[PDB]
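S.K.: If you want the building blocks of each chain, they are given just below.
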Amino acid sequence: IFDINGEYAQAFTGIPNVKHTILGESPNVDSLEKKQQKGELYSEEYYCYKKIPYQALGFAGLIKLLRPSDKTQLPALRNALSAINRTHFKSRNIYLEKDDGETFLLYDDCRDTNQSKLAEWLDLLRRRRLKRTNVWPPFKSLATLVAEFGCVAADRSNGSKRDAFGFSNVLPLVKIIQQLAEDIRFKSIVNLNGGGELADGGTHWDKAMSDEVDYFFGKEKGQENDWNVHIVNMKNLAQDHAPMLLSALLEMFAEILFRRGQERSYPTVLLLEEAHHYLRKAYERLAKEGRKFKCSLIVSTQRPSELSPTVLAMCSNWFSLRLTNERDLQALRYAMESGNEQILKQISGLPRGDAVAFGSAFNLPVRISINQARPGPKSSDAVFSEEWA
Amino acid sequence: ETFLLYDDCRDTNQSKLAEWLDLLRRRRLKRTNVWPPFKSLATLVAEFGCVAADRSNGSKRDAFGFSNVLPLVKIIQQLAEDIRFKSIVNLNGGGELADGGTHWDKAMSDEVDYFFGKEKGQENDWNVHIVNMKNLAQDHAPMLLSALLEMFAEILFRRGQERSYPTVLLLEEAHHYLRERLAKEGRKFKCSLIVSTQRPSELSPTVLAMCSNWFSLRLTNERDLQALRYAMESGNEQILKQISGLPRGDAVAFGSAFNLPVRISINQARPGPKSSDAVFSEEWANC
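Each protein sequence line maps, in turn, to chains N and M.
Letter by letter, the first sequence follows residues 205 to 484, 495 to 603 of the deposited numbering.
Letter by letter, the second sequence follows residues 306 to 484, 498 to 605 of the deposited numbering.
Treat the hints as calculated values from the structure; they're not laboratory data.
Honestly, I wouldn't trust all of these hints.
Claimed, not checked - A few chain N residues that don't get close to chain M, going by computed Cβ distances all over 12 Å: (1) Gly218; (2) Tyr253; (3) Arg282; (4) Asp304; (5) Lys379; (6) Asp387; (7) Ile393; (8) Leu402; (9) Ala442; (10) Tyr497; (11) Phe533; (12) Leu535; (13) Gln560; (14) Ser583; (15) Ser593.
Stated by the list, open to error - List time: in silico BS3-like cross-link candidates among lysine-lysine, alpha-carbon distance up to 25 Å: (16) N:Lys506 <-> M:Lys391; (17) N:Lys238 <-> N:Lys254; (18) N:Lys275 <-> M:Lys379; (19) N:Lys365 <-> N:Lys302.
All residues carry an ideal CB built from backbone N, CA and C; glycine is no exception.
When you get a sec, could you build the whole thing from the sequences and use the hints?
M.R.: Listed below in C-alpha cells is the structure:
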C-alpha cells in the first residue's frame with residue numbers, strides 16, 4: 205500500500221503479519237521502536253523508520269534528477285559518474301591516489317594552487333590506472349569532479365592551467381548540486397552521507413538497486429519473507445519532491461521484475477492513492503508490462519482527466535462514485551470499452567456510498583450500495599472551535 | 306600515422322582537425338574490412354559539428370557549436386545502454402564487408418529472405434513461419450515493426466512480379482504499429511493481408527477502406543462504430559444495430575464473397591490457441 209496521508213494503519217488492527225514503515229528520521233533516538241514475532245496480531249504500538257540512499261537511483265536515474273541542459277554539461281556529468289569508485293574522502297577533502305602512495309587534492313573553486321600537474325592525473329583517471337576505494341563517497345563530491353573536468357585547459361608553457369572560461373560552461377549544474385545537498389526537507393528523506401560497502405568487480409550499481417527493491421516490494425519465489433501486508437507512510441514528504449521520488453521507485457521496480465523473469469516471480473497487488481500526481495515513453499513500463507510479470511494495480515484518483523488515455527484503457531473493471539465535472543465524464547466516456555450510455559447518466563446524482571459497477575466480473579451493470587468497513591480508516595475532520603474556547 | 310576521435314570537446318591534438326576531416330570527405334584515405342559498432346556514430350556527429358577555425362592558422366573545438374547538435378548524440382547514447390533494446394537488436398558488429406558500395410544491401414536482402422522467405426526458383430525449407438514477439442517492449446513496437454515491412458516493400462518493388470511467390474501475412478494488434499503503400503499495390507505481387515484489431519478508430523482510414531470483406535464481433539463504443547459506417551458504402555442501417563448486443567462467438571459478415579449479410583455462429587477450433595495467463599488463486603493456496 206502506498207499511503208499519502210497516513211490513515212491505513214488503523215484499518216488492520218487484528219490481522220497477523222503486518223508491517224508499518226514511516227519515511228523519514230525519528231524526532232529523537234529515544235523514541236519507541238520495537239519488532240514483532242511471527243503469527244502475532246497487529247496493534248498500533250509498532251512501526252519503523254527508513255531513509256533512501258542516493259546510490260539506489262542508478263546511473264540513468266540520477267541523470268534525470270539533475271537535468272543537464274546546455275554546452276559541456278552532459279559529458280562532464282558522465283565522466284564524473286564514471287569515476288566514483290576511485291574517489292576518497294578522509295576528513296573534509298577529496299583526493300586521488302596512485303599505487304605507490306602519492307596523493308593529490310581537488311578543489312571546488314578555481315584556486316591556482318598546484319595547477320601544473322593536473323592534466324596527467326586526469327588522463328590517468330580516464331584510462332583507469334589509479335587506485336580504487338571500497339566505500340561510497342558523499343553526494344557533495346560530484347560537484348568537484350564536474351568542476352575539474354570542466355575547467356581543465358591547455359597551458360602555453362607545456363603544462364596545465366585552470367581556465368576561468370571553462371568554469372562558466374558548467375556552473376548552473378554545480379549550483380543546483382550544491383542547493384539540493386543542503387535543503388532541510390530533502391536531506392530528511394534521502395541519505396547523502398555515504399559510508400557503506402562498495403564491492404569490486406564492476407557491478408556495484410545493480411546490488412544497490414536490488415537491495416531497495418527487495419526491501420520495499422518483497423523477495424523472489426523460493427525465499428522467506430517476514431510480512432504479508434506492508435503499509436508505507438508518506439506524511440513527511442514535501443509536495444515538490446513526490447513525483448520524482450515515486451516515479452523513480454516505480455521505474456526501479458520494473459527492471460528487477462524483468463530480470464527476475466516468469467519463473468522467479470510472485471503475484472502481488474499494488475494500491476496507489478492520488479495516482480494523478482506521480483503516474484503522469496519509459497515512465498509507463500510498469501502499467502503496460504505488468505500482466506506478464508504478475509503485478510496488478512488499483513488506481514484511485516479524483517481527476518481522471520489528468521491520467522494518460524493509454525493507462526486508463528488497460529483496466530477491465532470500473533467503480534465510479536459521484537463525479538460532476540464534464541472534463542472527467544468526457545474522458546471516462548472516451549476511454550471505456552465495455553458498458554452502455556444509459557448508465558453514465560446516473561453518475562451526476564449519486565448519493566454518498568453509492569456506486570456504479572461494470573466490467574468483466576459483472577454479467578450486467580448494477581447500482582450498488584456499499585457496506586461500511588469496521589474499523590474504518592483513521593481519517594477525521596479537523597476542529598478549530600475546540601481550542602478557541 | 307593514426308588519429309584518435311573523441312566524443313567530448315576536449316583539447317588534445319586539435320590544431321590539425323580540419324585537414325583530416327576534409328581528407329575524409331574526399332575519400333582519400335584507407336578503408337576497413339569489418340563492421341564498426343553502433344556506438345561509433347556518437348563521436349563522428351560531434352566531431353563533424355564541432356570543427357572550428359582558429360585565429361592563428363589552426364583548428365578549434367568550439368563549445369558554441371556543440372549545443373546545436375547535442376540532442377542527437379544524446380538520443381544515440383541513450384539507446385545503446387538500455388537492456389530492453391539491446392536484447393532485441395544485436396549492435397556489437399564484427400561482420401565482414403565488401404568493396405564497391407553494396408555493403409548496405411546484402412545484409413538487408415539476407416534478413417528479408419530469412420523473415421519472409423526466398424523468391425521463386427530456390428527451394429525453401431519451411432512452409433509456414435511463426436514469429437513469436439513476447440520479449441519486445443510496447444514502447445519499441447512502433448519502431449522495429451514499422452521497419453521490417455518497409456524494407457520488405459522496398460525489396461518487393463525492385464524484385465519484379467515474375468519472381469515472387471504468393472503469400473499470406475497475418476497481422477495482430479495492428480493499431481500499435483499500423484498508424498499506407500504496401501496495400502496499394504499488394505494485389506500485383508500477390509500480397510494478401512489479414513488485420514485483427516480491437517480499436518478500428520486508431521487506424522489509417524485508407525487501410526480500412528481498401529478491403530473487400532469484413533468480419534465483426536461485438537463492438538460497444540460510439541466512436542468505434544462510426545469508422546465501420548464510414549468504411550462501407552451506404553444503403554444499410556438495420557444491420558448495424560445488432561453489433562451492439564451480439565453474444566459470445568457470433569459475428570456479422572458482409573463483403574464480396576457473401577450474397578447478403580448473414581449472422582453466423584462460428585465453430586470451435588480443435589486444438590485451440592494458448593489458454594490464458596497465470597491464475598492468482600492457485601498460487602496463493604499452495605501451502
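S.K.: For every hint, state whether the structure bears it out.
M.R.: Checked hints:
no., hint, result
1, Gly218, "21 Å, holds"
2, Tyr253, "31 Å, holds"
3, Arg282, "8 Å, violated"
4, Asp304, "26 Å, holds"
5, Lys379, "18 Å, holds"
6, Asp387, "28 Å, holds"
7, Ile393, "28 Å, holds"
8, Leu402, "22 Å, holds"
9, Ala442, "29 Å, holds"
10, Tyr497, "10 Å, violated"
11, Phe533, "19 Å, holds"
12, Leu535, "23 Å, holds"
13, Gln560, "18 Å, holds"
14, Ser583, "26 Å, holds"
15, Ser593, "29 Å, holds"
16, N:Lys506 <-> M:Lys391, "20 Å, holds"
17, N:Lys238 <-> N:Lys254, "14 Å, holds"
18, N:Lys275 <-> M:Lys379, "12 Å, holds"
19, N:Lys365 <-> N:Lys302, "22 Å, holds"
Violated hints, in rising order: 3, 10; the structure is consistent with all others.
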